[PDB]
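**Student:** As a plain string of letters, each chain reads:
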Amino acid sequence: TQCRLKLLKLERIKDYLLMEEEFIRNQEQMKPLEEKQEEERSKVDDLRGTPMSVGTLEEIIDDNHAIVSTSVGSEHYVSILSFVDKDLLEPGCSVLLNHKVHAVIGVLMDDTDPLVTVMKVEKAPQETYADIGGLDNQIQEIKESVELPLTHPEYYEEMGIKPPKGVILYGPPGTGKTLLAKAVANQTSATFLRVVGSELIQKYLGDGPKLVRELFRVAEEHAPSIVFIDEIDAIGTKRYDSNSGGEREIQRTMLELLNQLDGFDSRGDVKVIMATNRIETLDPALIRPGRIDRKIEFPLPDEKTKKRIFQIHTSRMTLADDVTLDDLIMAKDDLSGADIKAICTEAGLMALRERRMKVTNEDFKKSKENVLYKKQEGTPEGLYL
Amino acid sequence: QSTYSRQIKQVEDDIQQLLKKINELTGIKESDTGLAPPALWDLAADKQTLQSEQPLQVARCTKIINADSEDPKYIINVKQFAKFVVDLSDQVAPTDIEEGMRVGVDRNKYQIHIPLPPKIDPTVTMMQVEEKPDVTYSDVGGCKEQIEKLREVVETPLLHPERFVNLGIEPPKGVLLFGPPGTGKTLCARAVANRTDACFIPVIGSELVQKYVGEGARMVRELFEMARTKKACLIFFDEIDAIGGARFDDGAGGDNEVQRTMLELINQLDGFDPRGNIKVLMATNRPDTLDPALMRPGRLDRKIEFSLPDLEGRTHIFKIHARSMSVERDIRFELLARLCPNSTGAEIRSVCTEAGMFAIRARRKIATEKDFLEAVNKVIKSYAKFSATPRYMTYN
Amino acid sequence: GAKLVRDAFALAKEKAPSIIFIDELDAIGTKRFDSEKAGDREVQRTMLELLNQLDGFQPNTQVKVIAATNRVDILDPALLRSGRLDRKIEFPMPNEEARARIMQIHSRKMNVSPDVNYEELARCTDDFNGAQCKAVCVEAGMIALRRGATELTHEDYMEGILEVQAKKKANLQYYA
Amino acid sequence: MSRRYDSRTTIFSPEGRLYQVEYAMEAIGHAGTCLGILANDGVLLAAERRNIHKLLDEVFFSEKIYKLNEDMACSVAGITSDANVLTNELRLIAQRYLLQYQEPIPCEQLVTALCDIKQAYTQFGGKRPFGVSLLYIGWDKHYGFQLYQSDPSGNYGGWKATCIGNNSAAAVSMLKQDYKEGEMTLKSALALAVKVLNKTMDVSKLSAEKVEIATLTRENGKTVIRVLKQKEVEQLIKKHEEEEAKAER
Amino acid sequence: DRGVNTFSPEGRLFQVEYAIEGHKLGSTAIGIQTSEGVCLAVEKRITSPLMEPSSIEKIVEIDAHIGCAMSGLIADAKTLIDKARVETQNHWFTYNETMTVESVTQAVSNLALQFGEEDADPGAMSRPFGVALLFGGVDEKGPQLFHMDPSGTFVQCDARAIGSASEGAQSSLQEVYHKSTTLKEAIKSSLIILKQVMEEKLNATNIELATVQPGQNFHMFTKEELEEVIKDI
Amino acid sequence: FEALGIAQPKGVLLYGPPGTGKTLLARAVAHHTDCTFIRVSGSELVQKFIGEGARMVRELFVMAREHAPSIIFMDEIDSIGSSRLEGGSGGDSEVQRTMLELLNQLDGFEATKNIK
Amino acid sequence: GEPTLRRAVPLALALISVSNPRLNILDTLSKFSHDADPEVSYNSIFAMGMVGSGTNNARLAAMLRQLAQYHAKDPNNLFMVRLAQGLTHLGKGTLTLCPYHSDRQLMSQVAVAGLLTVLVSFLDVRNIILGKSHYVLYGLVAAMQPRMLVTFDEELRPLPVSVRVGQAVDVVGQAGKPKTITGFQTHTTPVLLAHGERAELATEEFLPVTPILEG
Amino acid sequence: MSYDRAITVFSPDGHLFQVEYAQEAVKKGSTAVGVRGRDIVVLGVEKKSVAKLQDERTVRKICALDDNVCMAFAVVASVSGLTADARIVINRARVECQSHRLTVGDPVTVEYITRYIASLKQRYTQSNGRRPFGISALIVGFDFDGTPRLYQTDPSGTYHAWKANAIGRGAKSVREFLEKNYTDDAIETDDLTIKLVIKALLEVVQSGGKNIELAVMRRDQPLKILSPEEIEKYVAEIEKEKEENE
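Chains as they are written, first to last, in the UniProt record's numbering: chain S, 56 to 440; chain X, 38 to 433; chain V, 267 to 442; chain R, 1 to 249; chain A, 9 to 241; chain L, 175 to 290; chain Z, 682 to 896; chain G, 1 to 246.
This is chain S alone, in the form it adopts within the complex:
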């Protein structure tokens, strides 16, 4: 609190000085730039010809040509002349063409995919590491399997042969499978692409094998990388029609995965991380190793583990030092992560009704008896069963 504060105040102030110093450089201070670069720009823009019509640079031919596809609608076989070199152009990028007669002027700009924008979500877990404790042994494993062959090459090189190519995170929700993928990805800072399994089965047919191959192929280009496939139970569970359920849809998606991961087309040291809450839906071929390598199983929380699982939920909320953990272990046990989330939410819910804007032991206790009953009730009790 007070110990932190002097340094915090200083960091914000160091950053202020940094902002203010930029303004003086762009406006007044020049030495190599001068009036001279201003004129270089004018002279280059007029020769270059504004508007510049966008193209995409697929590949460069060394003889003073390039093969461009103009983005207007009809492609052109241009020359590489005027303010760029063959090597200065880079593949899969957006380039400037002279509008009057198309020769490729150059690459200032890069082209991002339309696909990647939607898929992508930023890397960082909202529950900090070493506070996703509780099955603490398990948390370590993912750091070893996906993160490590990319972070540290030393062990792998001495070990020899093929590295890992995935992990599968499975078992009851609430043991934090999403938080783990995000941690390793954060650390490496490998582009984290994220798609829910339900996108694999949508109304249009063959979208599933299509999305998954494009997603991977994009991961290889933007490599090293982490692909997260969140909650692949949907394949069978969902259908918009007869064609969208059933064997053709289920097979095509599974079949694509098999070729993509270790098969002919392969992948680099790009890892796929799969979250699944049921491996009942998943086959023995995607639970096969060497395209999954170590599988991580989370079991139901143990009596001692349950106290550590409860702490994580309590940390996101307000920090308890007045909750009796024994009462929770005594009342229910060998119930999911999801049950510990259920006790927490219900306490917050009763406090909300009063307009009490805290949770205390009292809110946890009052809600706790109804929640245990409620767990059993969630699955049918019928008339009187």
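To be clear, the hints were calculated from the coordinates, so they are not data collected in a lab.
For each residue, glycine too, the CB sits at the ideal point set by N, CA and C.
There's no promise every hint is true.
As the list claims (entries may be wrong) - Below, simulated PhoX-like cross-link-like pairs (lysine-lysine); rule was C-alpha separation at most 25 Å, straight line:
hint, chain 1, residue 1, chain 2, residue 2
1, X, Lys248, L, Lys222
2, G, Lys163, S, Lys430
3, L, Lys287, X, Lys57
4, G, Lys180, S, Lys423
To be verified - Residues of chain G placed beyond 12 Å of chain A at every Cβ, according to the derived structure:
hint, residue
5, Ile7
6, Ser49
7, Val50
8, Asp55
9, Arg60
10, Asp66
11, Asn91
12, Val104
13, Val110
14, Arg130
15, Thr189
16, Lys210
17, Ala236
18, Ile238
Based on the hints, put chains X, V, R, A, L, Z and G in the right spot on chain S.
**Tutor:** Same frame as chain S, now just chains X, V, R, A, L, Z and G:
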């Protein structure tokens, strides 16, 4: 940690905001990307603007029609999707303008300036073929009989068609690959491709079937034609249960999609002209789950056996996997191989690798015999169980 | 796709008389005249335009049509019925005499060594159509590569009969 | 064909339990309600008939509550159709046990035996389990006054006040709230019975035609099972007006 | 349901081919025929040290002179043993001679394939059995070991092992054992393959061994006598 | 809510039959808060950003987040399909399950959630 | 300075320095890229390697690029070496002066190389702690974590859960610099602080050395 | 036993869909732990679901199959309540038990019941109309040798002898929690076995000794089902003890 997380959250927020302004503002600051060697090229570039032959428009020649009255007529499809008929190149050979060949034609005059390298006629077929690596026999377990037939059938007629003439048969049009999965079939397939110096083109059956059927038909035909241009090639169709599944068509299911794509492939197998020395290799679980209709046995030739490793058989794969790897061991390859039940090759291969991951856990950096012993017990249980559907009731 | 049929036949009508070879007829001979939720909807229309082109408008009796099927459990009944396709030529599965006759051609092509004891080779084979005759000769040649030798013999030709009959089938049982 | 369908009657479903058993409970919900209440010197059944019609002739005055025996009574909660078969099985079992036993039939004994038939169908025979939960009221010496509840699931329960049929969750609590363990006598209990029926119905307004009330009261040497005539129930419908005040107060 | 009449074009049932995979997850059984007896070895499957080897067995008596050790799916073995036990005892009253090891194996073998999706009775099934049984006993023709399998075939064998890997456990047994040899060497040969194929290793409560000599009754081994056979693995 | 503890509202289920003026109260608070009340009646009619559900989570969230706050009022009438009622019991209910689970977990938006 | 993170940062920096002028920059960068010397540095070397193989035309540039690839090294089972004494994090620059001078002056001369040779400093991979009167020579398991939940700790010990690293197993700098000896349940405290110091570690042991642990 | 489809069709997994589905059906009959003593073999069950308008007899997972053999049930899952499907296995089991008393009149053997049950489940497979089972039973009873027996059976058809076993809410999990608690003293002391059963049930259920009903059975005396009230007295001490072993 509730009070501690807010402090940190605010401090980042402020520093992050300020950054937005600095980045935008600095930019590249009115510089030129080309630098000094392109200055001479600017002067050229201007001459070209005056010129009518620049810019060229890429197109493709769709069809050859003669009613010649100047110099040979060709109909090309422009990428604004207007058809135009153009004529023989200004100085280049007529033998460079062909059907399914790419050509550069003038934007302002529309006559063939220069022909270009061929193929861009399908959009989809170009997408369906993917990257090619090579892995060698060392890396793929076993020197067994099952391994040996793959080479003899694929490598020998394509490498030397001479041998196949001597016997008095043609080099296979078709070749069949069968064996249950998790045996390293794809791995073995990559390994023969390097030796033969026969290009392998990998293909996925899941791309072929699509919502409206017909795309997969044109794709398959175009795909055979491309391969036909290549000499001593293999079209390897991986993971197919479209061109690979059961023969049956429901008539309101995704089964329609399968049946069009299979049906063109039958036409291709025979060919418009035969396919002596061209191999298509197809992977199926076993030949009894493959069509009796797409399988018209004379053309397909040999069926190459691969089978699920035996207890002896897995003893053999495990020495290759271990030897390739860098490992320090005291315990032997046979013991651990007998330790495994009959299941798949894949569990037994993972042991060799898992012993290396236990070494990092153990706080070594290379494996030891105890890591090895630990790996068999966990691995046999893990991969085999906790998988597969819990129903085989009410399916077709 | 349907329009293309109409145009393609029109092309044949100009050129007339001509023979239009149609390889296979489950894609312009689907059995179905009622369907929903499938790619079979477009496939049914190409098939229906075909029925119309055969119907009488003259110069299209001049032009001929060959259509082929390996099935009957997906043949379109109208196209089978006359007045679309007048002739119905059946090809049966080779007779005992015929099976020996085809099979003789194949052994002949191969380096001379399965032309000895040819009566025995002719008899033992069962349910061989033409495809199976070619299938045995190539599989026999394969066995000569296994040995590592350039000499072929009658015995390999015999092992092939068991090995391929358009199936895996190795002729074996799980009893004892 | 028959091999391409599902109904998961004898076959277990992904649930671990059959569809047919769970569905039967839904049918019971939108059909007329039956409750049994405990008194100190008798037991009683009160039921809502399956007839929502405004005109009944009373051809059969058992259209919900049927008196099986001179020692027993039942109610129907569910479909009247599956009840018809069950009613005939009950007149035989109830009298057979009595021929032998010479003692008023135990409420528990009857239900467990019956529940066994309900489960027999769902498990085997390829028949669905009856869409009727039967509410048994009786008296035997070794438990005392009893009420037992029967399900299509083969579940039985020993109760003192319970209700099954429509809006059952509300109904059992409402019987608990007014009537604790061993609190209320037979006459005052008959009133309580009508009061819950007025509130809970498939279709509102409680009348003589819509209700049938049955008493088990032990008379001088015999246990007497009577279904009350429309006339007597009416005196209870005014009593039920008085009862609403009384629960609150 | 989905076809239970399912033939492949080769000419065998898919369902029978599926039946073996179940055996592979289950328990391990070794039967060896010796001139001097029949020894039967079976996995007890320890998993607590509280499970008592004397009180519970998986070497079980068909007759007082005949034993059977079970492998694969446990439920399935019990149904075959109960019909076989009665057949055997009824045989004894009638003939007054012990039942041949072959005679009992033939009866059980009838049950293995008779399945069909519909028209099923107790003599028929909805899916073929995935257990292989080693019926070992001493009769008047001498000590015999007959082997019955999931395909419902009976074969005479002087050594058979079936378990985690059926073919695997039999290949270890093919290396060691010799046809005609002493009782101790046959008992040693049964234990030795057993630990190597399994995940589990050899103990005296890990496995159960009982030996039938000719001229003896079936004896289930005592705590001490079970431990004596462990010294020679 | 930060003080109360529990994550800011992810799923709030308003359930029960209409005609009690359940929609009307939602409109009232949504207007006052100055969140845009975007009504889904069970339809991917009003997904025009690709026009099929399950991507109606991601595109819809990004637009809503950009011009934030938003209250996405998904009315699950579920009168769609006859083979979407075997996918979740509503075409819309399949979409809603995708959206619910994903959005709870997504980025920092669980106890920083403000697009309800 | 040891500012935060080393997993992402030298790789990222090699890319940006291509825009900036001078081949000498690349050589100076490689100094940061040391840290745990087979952990970060294998990647850093490979990336600069590509661009160096890419284009060359004067002996001068080639000489700079050569300095950058090899200088970065100290690898395969060789310990953590970075400019730092382990114990100091209050320390003043006087060990800096020999490389510092060499960054400031021309590195386009070969002459710069005398001063540049020495950047002599050690951190250790040893976790050999000296007990109260045991004086033990055996190593000690530790837990490492990148970040903290408190400023109650700022003497660089984090919780004993986290991710475990071993005894005689690579000690790594920022984003994994903080080090506790995992053994709070065994009630042992370092007297001499743990980071993988250059100093011979010392503990007051109320339970001796903990063995290895899997995780 | 009449249907028109097969009850199960085989898989290449080597599992029976109906037996696994049955295992969940028997965890409907909630959690049951039984430990074997020197002279009192004791089992106790989870939930009596008391509301003091009910009877305690009707919900029981403790069923008397004979007056010297008794059993408590479950296996694995976490699924909803229902006594009834489990109750049906009891009704078969009780005939099976009683037919043996006719055959052998001395206190009937545990072994007989378990074996009959494994075979009974396979048999139901064969009939197309018959619903299979897959359960675990904690068979308790005595021999004619007077020695204690506690046996347990599994859905896999396999029965084993044990000194303590628990079933319910993860069969391996409640069983392992007992493995810790077990010591050599426990089984001879009469007092100690009772505390083991109550610590296992106390884990999954709130406020036991109202949701802990246990029966002791004896060598000379038949089944005694204890009142809940005397069990609650134990639960209070024992819960103190339960935290200690953890």
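**Student:** Just want to verify: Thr189(G) was marked as not at the interface with chain A; is every Cβ pair farther apart than 12 Å?
**Tutor:** Label holds. Min Cβ-Cβ 16 Å, cutoff 12 Å.
**Student:** Would you say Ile7(G) is clear of chain A, with no C-beta pair closer than or equal to 12 Å?
**Tutor:** Its Cβ does come within 12 Å of chain A, the nearest being 6 Å, so this is violated.
**Student:** Given the hint that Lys248(X) pairs with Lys222(L), does the C-alpha gap stay at or below 25 Å?
**Tutor:** Holds, because 21 Å separates the two Cα atoms, which is no more than 25 Å.
**Student:** If we take the beta carbon of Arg60(G), is the closest beta carbon in chain A still more than 12 Å away?
**Tutor:** Correct as stated: the minimum Cβ-Cβ distance to chain A is 27 Å, above 12 Å.
**Student:** Over 12 Å from every CB of chain A: does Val50(G) meet that, or does the non-interface label fail?
**Tutor:** holds (33 Å)
**Student:** Would you say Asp66(G) is clear of chain A, with no C-beta pair closer than or equal to 12 Å?
**Tutor:** holds (20 Å)
**Student:** For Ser49(G), is the shortest beta carbon distance to chain A beyond 12 Å?
**Tutor:** holds (32 Å)
**Student:** Holds or violated: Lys180(G) and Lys423(S), Cα atoms, limit 25 Å.
**Tutor:** violated (28 Å)
**Student:** When you check the alpha-carbon spacing of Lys287(L) and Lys57(X), does it fall within 25 Å?
**Tutor:** holds (24 Å)
**Student:** Non-interface claim for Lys210(G): all C-beta distances to chain A beyond 12 Å?
**Tutor:** Answer for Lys210(G): holds, closest chain A Cβ roughly 30 Å.
**Student:** Confirm or reject: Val104(G) is not an interface residue toward chain A, with every Cβ-Cβ distance exceeding 12 Å.
**Tutor:** holds (16 Å)
**Student:** With d taken as the least Cβ-Cβ distance between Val110(G) and chain A, does d exceed 12 Å?
**Tutor:** At about 10 Å from chain A, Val110(G) fails to clear the 12 Å cut-off, so the statement is violated.
In summary, the structure is inconsistent with hints 2, 4, 5, 13, 14 from the numbered list given earlier, while agreeing with the others.
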